[PDB]
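Starting from the known structure of chain A, fit chain A' onto it as the hints suggest.
There are 2 protein chains.
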Amino acid sequence: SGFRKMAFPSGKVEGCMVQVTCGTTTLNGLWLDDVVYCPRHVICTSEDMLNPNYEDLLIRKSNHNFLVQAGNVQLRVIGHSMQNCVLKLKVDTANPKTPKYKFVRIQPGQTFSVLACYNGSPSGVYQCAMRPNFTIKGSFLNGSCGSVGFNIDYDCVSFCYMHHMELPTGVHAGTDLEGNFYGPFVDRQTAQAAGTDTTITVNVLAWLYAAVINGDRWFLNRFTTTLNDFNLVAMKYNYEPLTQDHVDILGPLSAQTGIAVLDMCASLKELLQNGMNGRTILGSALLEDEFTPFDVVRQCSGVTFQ
Amino acid sequence: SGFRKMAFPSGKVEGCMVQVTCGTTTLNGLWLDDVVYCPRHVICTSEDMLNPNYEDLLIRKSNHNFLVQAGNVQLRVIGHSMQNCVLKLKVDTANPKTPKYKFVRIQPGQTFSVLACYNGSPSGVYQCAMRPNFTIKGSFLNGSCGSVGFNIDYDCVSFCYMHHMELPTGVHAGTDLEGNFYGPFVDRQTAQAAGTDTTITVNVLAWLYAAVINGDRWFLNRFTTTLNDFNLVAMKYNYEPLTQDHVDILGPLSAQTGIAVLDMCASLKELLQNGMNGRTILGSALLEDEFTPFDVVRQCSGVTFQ
Numbered sequence: 001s002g003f004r005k006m007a008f009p010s011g012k013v014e015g016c017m018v019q020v021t022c023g024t025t026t027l028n029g030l031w032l033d034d035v036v037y038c039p040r041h042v043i044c045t046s047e048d049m050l051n052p053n054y055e056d057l058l059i060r061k062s063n064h065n066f067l068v069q070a071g072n073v074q075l076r077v078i079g080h081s082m083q084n085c086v087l088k089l090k091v092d093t094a095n096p097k098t099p100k101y102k103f104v105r106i107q108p109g110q111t112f113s114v115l116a117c118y119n120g121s122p123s124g125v126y127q128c129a130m131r132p133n134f135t136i137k138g139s140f141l142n143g144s145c146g147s148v149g150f151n152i153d154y155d156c157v158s159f160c161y162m163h164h165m166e167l168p169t170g171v172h173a174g175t176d177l178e179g180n181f182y183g184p185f186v187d188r189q190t191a192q193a194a195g196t197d198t199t200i201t202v203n204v205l206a207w208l209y210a211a212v213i214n215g216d217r218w219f220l221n222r223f224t225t226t227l228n229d230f231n232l233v234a235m236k237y238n239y240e241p242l243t244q245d246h247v248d249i250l251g252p253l254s255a256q257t258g259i260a261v262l263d264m265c266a267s268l269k270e271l272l273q274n275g276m277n278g279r280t281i282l283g284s285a286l287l288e289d290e291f292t293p294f295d296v297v298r299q300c301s302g303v304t305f306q
Numbered sequence: 001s002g003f004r005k006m007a008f009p010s011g012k013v014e015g016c017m018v019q020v021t022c023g024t025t026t027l028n029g030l031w032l033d034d035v036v037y038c039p040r041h042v043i044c045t046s047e048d049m050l051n052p053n054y055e056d057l058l059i060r061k062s063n064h065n066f067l068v069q070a071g072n073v074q075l076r077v078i079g080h081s082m083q084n085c086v087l088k089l090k091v092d093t094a095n096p097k098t099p100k101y102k103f104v105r106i107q108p109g110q111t112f113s114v115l116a117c118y119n120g121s122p123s124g125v126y127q128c129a130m131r132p133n134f135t136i137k138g139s140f141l142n143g144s145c146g147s148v149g150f151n152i153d154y155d156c157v158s159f160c161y162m163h164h165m166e167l168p169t170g171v172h173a174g175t176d177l178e179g180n181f182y183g184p185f186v187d188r189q190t191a192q193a194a195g196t197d198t199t200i201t202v203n204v205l206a207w208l209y210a211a212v213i214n215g216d217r218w219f220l221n222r223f224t225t226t227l228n229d230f231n232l233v234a235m236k237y238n239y240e241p242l243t244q245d246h247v248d249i250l251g252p253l254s255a256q257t258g259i260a261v262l263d264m265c266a267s268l269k270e271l272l273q274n275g276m277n278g279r280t281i282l283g284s285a286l287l288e289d290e291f292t293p294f295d296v297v298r299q300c301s302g303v304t305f306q
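Here the protein sequences come in this chain order: A and A'. A prime marks a further copy of an entry chain.
Take the first sequence: its letters are residues 1 to 306, numbered as in the entry's author numbering.
Take the second sequence: its letters are residues 1 to 306, numbered as in the entry's author numbering.
There's no promise every hint is true.
Said to hold, decoys possible - Pairwise CB distance ranges (calculated): (1) A'/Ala94 x A/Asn221: 52 to 60 Å; (2) A/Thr243 x A'/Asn277: 31 to 39 Å; (3) A'/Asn72 x A/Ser301: 19 to 27 Å; (4) A/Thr98 x A'/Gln83: 54 to 62 Å.
Unchecked claim - Chain A' is faced by these chain A residues, among others (derived, beta-carbon under 8 Å): (5) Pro9; (6) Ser10; (7) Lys88.
Calculated from the structure, these hints are not laboratory results.
Backbone N, C-alpha and C define an ideal beta-carbon position, used for all residues, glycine too.
Looking at chain A on its own, in the form it has when it is part of the complex:
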């Protein structure tokens, strides 16, 4: 019983975090086999970040300019290249703690765990969603760059995010591990803005389903609705339009609650129209859209990792 924003266990990822320095700039990198991955803006000085030419900046740099530290042991750089917005540093030592792993580009409205690091040391773990506008609402102080986002499928770590930058709103942008940004962000210190932040309707529904399973049912009503009727009300409140896939994906929650998805939409319409009247759902006075159906199932089925 009970329902929390819970992260995956960080252990398999802790053993992959290293410290990367060029000149006066230190940030975090990801040590898998005999490659360290980090944000290429490690080669930038405070001046360069205005309008850097990365190709040009990289030409002034040799393998011996990259100080890679694993705990208190220096690694030897025997090769370096740039893949989009990441640097791949080849080291002669394979990480003996390399877990079974893969790189996935993640879809907006999917969730993942962040291990926030400073100087290659883990600081803390929390859950995030890739928002429809490809930002994240994380916690990233100075030196957190190269901190990574990940899911764990049975024994396998799927890395999906590397932190690079903060936007004027205080929200966060980064890349997949192949170094392509999520959204239209670029790694230079210019005026960039996120689009409109829409709500992940399917996730809000998953959360309502979680609430019910945990005894909170006050927001349930006598009404149903239609997909089209519901989406007319979505548009107004900058909710994502709902589709049959979304319905199908919620079937295991629908199933286990005996509550048709459309009746739950009717409950949600009523909350968007009437607000909460100072009531709470799983101790939130707002609609939470950072739990996927999968997140809710896991936490109301109790699956583990090995």
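Then chain A', alone, in the frame of chain A:
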């Protein structure tokens, strides 16, 4: 920038989780050196939990009745005893992953990380507070018992909580690692209830301070107040009374914001009296009381662990 409920890294604790079975009952235990710790109600059958005599039940049990499994390897039980509500199983194998560690009984309004486990496998990590009434609002499905609460001070794990039970409200009770319950709970399946759930005023203030440092300042006002004036308003809303210690503890936040604690109390009084008017603070439409001053400092100073 940004502010999240973030857990400590779980890695050092993952390597301590084992599975403990008696008959048909499986739960989690904590393997430190050559001792496994788990809730003594592992010796209970579904019948026994009504009115168990643990001393009597333990007399029917020998070292070979305890199936302790570490990943996929069985450990050998060479000794067993009961310390209050925990069983200490002596095994011949010392945990080679035992981290530097200590047992602390934690004070109400302090926070810690939970590694929720099933069958000795970690499932997820989240932050909790010991509430003034000695319950916690966690996530614990069936088989989560023996999941542990912990803080990390530089390299050292301080274990503070072991999960044992859920109360009629859906909230959670357990012991310190010496096996004394937090609050007046006992490990039997009877009608027990938590006292009134008071709010941790000092933590609410820490959070307001976090908000300010992260640019949210709408709730700031022109007023100050007195300790006594503020506490008159605390009592009404079941907030904990504030003291000079509480003030002193917030000095580093006061300091770094240039905002006297009493002016922040005046802001809080105004929120308790007027509500939020559908505004948000760090994306919460309620007052958050599960961040300590220490939690806020860490996350606005950026300290790490090694």
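Each hint tested on the structure:
1. A'/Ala94 x A/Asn221: 52 to 60 Å: With Cβ atoms ~58 Å apart, the hint holds.
2. A/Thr243 x A'/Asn277: 31 to 39 Å: holds, 35 Å
3. A'/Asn72 x A/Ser301: 19 to 27 Å: Since A'/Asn72 and A/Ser301 have Cβ atoms about 22 Å apart, the given range 19 to 27 Å holds.
4. A/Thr98 x A'/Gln83: 54 to 62 Å: violated, 40 Å
5. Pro9: holds, 4 Å
6. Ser10: holds, 5 Å
7. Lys88: violated, 25 Å
Violated hints, listed in ascending order, are 4 and 7; each of the other numbered hints is respected by the structure.
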